[PDB]
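First the structure, which I've put down as C-alpha cells, then a few questions once you've had a look.
With one protein chain held back, the other chains of the complex are shown just where they sit.
Per-chain numbering from 1; labels A, B, C, D, E, F and G assigned in written order.
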C-alpha cells in the first residue's frame, strides 16, 4: 500500500472471542477482495499480468482525449473520476470477448 | 443470469461459462462462527478448483484441451449429437464413472510435459 | 516425497521440485492462514512473471556480492539448506529487483512507437 | 570429478559431419557449458565448438557453418558433429563453469578417437 | 576475436620459473583461459586464467595479467613434471579463442 | 477414435448438497435477520429441467427448526428469572366479581424477597389452574408446575416474538431450486424447475393441529405424506381456500408487578374484569363443512373405502390435544373436538389460557408469559390441517413435530451445490509449441 | 484507433469503512509516505474511526471488568451514621454504615462495617438512617478487581491489508475540507484513551495557533472543540491516607471497601496556575472573537445535571474525581483551586443500565495532567459554557487528521497497441 499517486505516466510503480472473530473477518475480506480481482482478470484473459491489452476497441470515446492528453498529463485519481460512471459498461464486454476467443481457438473447423 | 443454460444442450451451455464462473465468490460468537466457516469454505472450494486446473495446465482458461485421448470405454457416443443434443447434467451422469481416472490421467500428462519443458530449457 | 532428498546436493535436488468456539477459532485461523500462504507464493511468482513454472529464468543478473561462488561450487556441491543460509540477507534485494525487471518488461510492450 | 569420457569416433577421409559424444556424471543440465576442442595431432588444439546447458550453440570458425555443436540435457552427453575438413584431430570434450564475468573449461574428458584419413 | 600467442615457448629440463603470453584480440582481460595442458593429462586446467587459481593445482602460477592484447601466464619453479605451455583460449565470442600451443617443458 | 479430453470450467451443473443458509429480513427475527432482502428478487426459469425434490428428507426444514430454537433462546435468555417465586403458595378461589368464583383461576399468596436481600414480603397474584399443582394432602399448598424440574424465565415485555416473513438465502457457490407444476404432492421428479437466490418469505408461525397463516394451494387440495398408505406418518393437507378463524379473550387484565431483584420486576395478573369465559374461537359452520367435504373427496382418491370418519384427538397433554395459538403474546389452547367428529351460523371452540410454557416440547426449561393488559382479539387464516390416520378409515387432528409446520412452506425448495468443473470429448488435441 | 488496456497496480482509492486493529489486552507489535501533488478531502466529523474507537473501547472495558466479583449480595439495608476517622470531627460526605451479609458458608450472617461516600448511597425513606447503594435500585454493580490496571496506555490504530490511512498535515486544517501535504501511514500515532467531560486531558498540541473546530460553528446544535497549542499544568490530589478493609462475599469472592480515613480533613481538590489560565483563556477568546466578532463574550458554568455534565470528570485510577470548574468559567471579555467530590460507583461510558465499583486507593494520591483543550457550547452577546458529547469528543482532535481508504487496484485506460493473437 506504498502509494505514490501521481501522473498516469507512473506505470512503473505497479508492484477475547469477539475480537478474534472480528480479526478473522478482516482477514477473510482481504482474501475475498484479492480473489475477486484475480478472478476478473482471469476471465478477461489477463491472468499473471500487471498490464494487458484486449481486442476491445477503445469505446466511450465521448471523452474526446488522446493518449498524450491522458498519459504524461493526468493523474490516476483524476482519470478514475472522469470515467467512473463508465466502468460498468466496459466490464461485461471484456469477459465476452475473451470467452468468444477461447471458443474460436478450440473450434472443430479451425483447431481440428 | 445463473444456470440459465443449465437445461440447454452443450451449445449455449458451453458458452455461458463466464456466467457460472462468477458468483462462486460472494459480494454474536455463535452465528459469527457459522458465517466465517461458510465464507472460508466458499474460498476453499474456489481455490481447489483453481489448483486442479493448475496441475492440469488449464490455469486461467474457461476452455482447455489436453494430450489425453478419449478412451471410448468412458463413453462410446459420437461427437455429433454429444455437444449439440445433450445437456451438461445428462452428461455428468453419463460419465460419472471413471472421473478419478480422468483426473489422474490429466495430472500425469501434465507432469510429463513439465519434464520435457524442464529438460529443454530454452534460454538466451 | 515431501522433503525427499532434502539435504542432498542442489544439482540433484533440483530434479525433485515437482513435490465449541475455542476450537472454532483455532480451526478457522489454521484454514485462513493456509490460504494466505498459498496465495502469497502465487502472488510472488506471478508478479515476477514466473506463474506456472517450477524453474523460472529472469533478466536480473547475479551481482556476485550476494555470493561470489561459481557454478560447480554451488550446484553439485552445496545442499539447498546451506544455500538458503548463505544468501538469506539478500532475499529482499533480489525480490525487489525481480519486480522491477518485470515492470520494465511489461511496460516495454505497451509502448506507443513499437509493439 | 564427473569422470567425463568420449566413447566415440574413428579416422575418416570425408569431413562429413561424423558424430561423437562424451558422457559425464554431473548435473550438466544445471547450467554447465559444453565445449569441444580440436585435439590435433601436434600444435595443441583449436577450439572446435561451444554450447550452453540450453544449447543455443556456436561453432568455432574452423567448422563455421558446417557444424552441429549439439548436446542433450537428458543424455548428459556432449553429442555433436562437425566438418572442418578431415581434420587431423582426436576431438576432445570439456565442461566449463561460469563465474561472474569469467569462465573456464576446467573439466576435461577422455578424447575421442577421431582422425584424418586418405 | 582470435588470440595471438606471444612468448610462445618455455622449454626446460628442470623445474624452473616460466612464462607465456598472448596478444588476445578479445578483450577477455582475466578470462583468457590460461588453462595450459601439461603432458597429456587431458589438457586439465592449471588455473582459471588470471581470474583465479585452480583447485588441485600448484600455487606457483601468478601472472596476474588481465588486459586486451596483453594477457599472460607465468609461474614460479615447481615440479619438473610441469610442462605448463599455457596456451590461451580467450573467452572472446562463440567458441573460445584458442592460441598457439606455446610448447613448454620442466 | 480421435477425440481428446477437454476440460471445462464454468459448467452449469449441480449436486444435492447441504449447507448453511442465511436469514434475510423489538421483533426477534427483525433483529436477528439483519441481512436486507433483495428489493427485486430474481427467478430464472430453467427450461427443460427436471429435478427430484423430496419432502421429509429436506434438511432445510431441520435447519429452520434449529435456528428458530436458538434464536428463541437468545432472545429469552437476557430476561428476568422467576426462581424466587417457587416458594409454596397459599391459594384460594379467585373472585369472579358478582358470580364470585373464577373457575380456572386461583388467588395465591407468597413470601418473596424484594430488591433487598434482607427484605421478604407477602405478595398476591392470580394464576391459572393449569400451571398450579398441589404439594400434598389436598391442602392449599401449591407449587408452580415447572419448579419441580427446571428454570422458568419471564419474557421481556419489549420482545413481541411476532412472526414476520423471513427469507432463507443461498451462500455463494450454492443455489436454491424451486418446484412448480403445483401438483407436486410430496416427492419425486418435478418438471419446470426455476432457480432463485432466496425463498419467498415464510412466517415462523407456531401452531398445532391446524396450520395457520401459510400459503394456499394454487390447484385443488393437496394431500401430502411420505407414504400415504402407511400409518405412523403425518398427513399434511394443504387447502386452496382459507378458513377464517376469529379467536378472542372477552375480558381484560390489570397487571401488577413485584420487584424480585435490582429492577427485574416480575409481572403478574393483578385483577380480571369481563366475561367469565377465558377464551373462545369462531369458525364459520358452512365454511368448515364445505372445506372438510372437499378434503374427503381428495382423501377418497387414496382411500377408496366409503364413510371416512373424523374424530377428536386421542390424548396426551395440551401441546398435542389442543390447538395452540400465540395472539398478542397470549397462549391459547383451543378444544377442536367441536370440529372433525363426523363421517363422510358458526362453531364455537372453548379455549384455555396457559402461562408457563415449555415451548417446543422441551423438558429443560420454560418461558413465563407475562400478562397482557387489555382485551385480545386475533383473526387467523387456516391454510391446512395436520392429520393422523388410524377396520374403516379414521383420521384425527393430531399433533406433530414442529418440523411439520415448516415442511408445508419449504416443500417447494431444494438446495444444490454448484460444480463448475467437468470434462467432455473434443475433436482437437492440445497444440504444443 | 486506440484499444482498451487494463492495469492491476493502479494507485487509486475510495472512502471506506473497515475494521482496524490495535498496536502497542493489546499485545500487537507496532514509516510515513508523503504523497506529493494530491489533495484529499478530510472530515473529522462523521469519521468512522471515532465511532469504531468508541465501540471498541467500551467492549474492552466490559471484557476487562466482567471476570470479577459481583456486589449484588451487599444490597441490604444499611444502618448509617456520621463518619469520623480522625480527631473529634465528622468528615463531611462520609457515612459509617453497618450491615448484615452472608458469609462464605452460605448460612451464617455477619455484621460488617464500611465507609461510603454520600454520593454512593440513597435513603430508603425519610427520617431514618436506612440506606442502599445508588445502583441496588436497577441492575448490578461489578467490582473492578485491582489487577486490571485500567491505564491510558497509548494505542496505535492500524489498517488491515487492502487499506491505508491517510493523514492530513495542514496545521490550520480546522476539521473539514481539502488538505494538502497528505501522507500515507499504515498506523496512527498512539492515542491515549484519556476520558473527561470538559477540559480535555493529555492530547496532542496544535502545531500552530489555537484552533477552534466545529462541524458548524455558526450553530447552537454543535459542540465546539478548542485545541490548544500550549498545555495548562493541572495538579489533582487527595491529601488523605485511606485504609482498606475486606468483606468476604462468597467462595473466594470479596468486596473491598474503605475502612478508615486519616490525614487532612480537607476534601480532594485540583488546582492550576492563575496566570496561565487567564492568558490561556484570553488567547482562546481572541480566536473565538474571530468567529464571533463585535460581540461581548462571557463564560458561565454548565446548566446542571448529575455531575458528569457539570463537573470535570477526572480519573487517577480507582479514584474518580468530579471537580467543580465554576472557578474557571466565570468571566467576561497565583493558584486557582477547585474543590472535588469523589465517587466510587460509576456509570462507566454513560451507560445507565450498568455500574462499576472502584476499590479505594491506599495511602494518599497526587495526579498531574496536561489540559490540551476545551469542550464548549453556545448559550446580542455570547455565552459559552462547558459541555460535550458521550466521549466522542475525547477521540476527536486526535483522530481528526486521519482518514481510512480502500485501495482499488484495477482500472482501465486507452492504449496504442491492440492485443496480439
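Note that in this section contacts are C-beta pairs under 8 Å (C-beta built on N, C-alpha and C of every residue); 3 or more make two chains touch, one makes a residue touch a chain.
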Hidden-chain contact residue, picked from the options G:51, G:62, G:104 or G:215: G:104
Residue, one of D:54, D:86 or D:111, that touches the chain absent here: D:54
Missing-partner contacts on subunit G, residue numbers: 104-108, 250-252
Positions on subunit F where the hidden chain makes contact: 83-84, 86-88, 111, 143, 146-151, 364
Touching residues on subunit D - with respect to the absent chain: 30-33, 52-54, 98-103
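Operating definition for what follows: only the chains that are shown with their structure count from here on.
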For subunit F, the least number of touch steps when starting out from subunit D: 2
Between subunit B and subunit E, centroid-to-centroid distance (C-alpha), Å: 62
Centroid spacing, where centroids are CA-atom means, of subunit C and subunit G in whole angstrom: 50
Rounded Å distance, subunit D centre to subunit G centre (Cα mean): 84
Subunit A: positions in contact with at least two other chains: 11, 13-15, 17-18, 21, 24-25, 27-28, 31, 34-35, 47-51, 53, 67, 106, 111
Subunit F: positions in contact with at least two other chains: 6, 426-428, 431
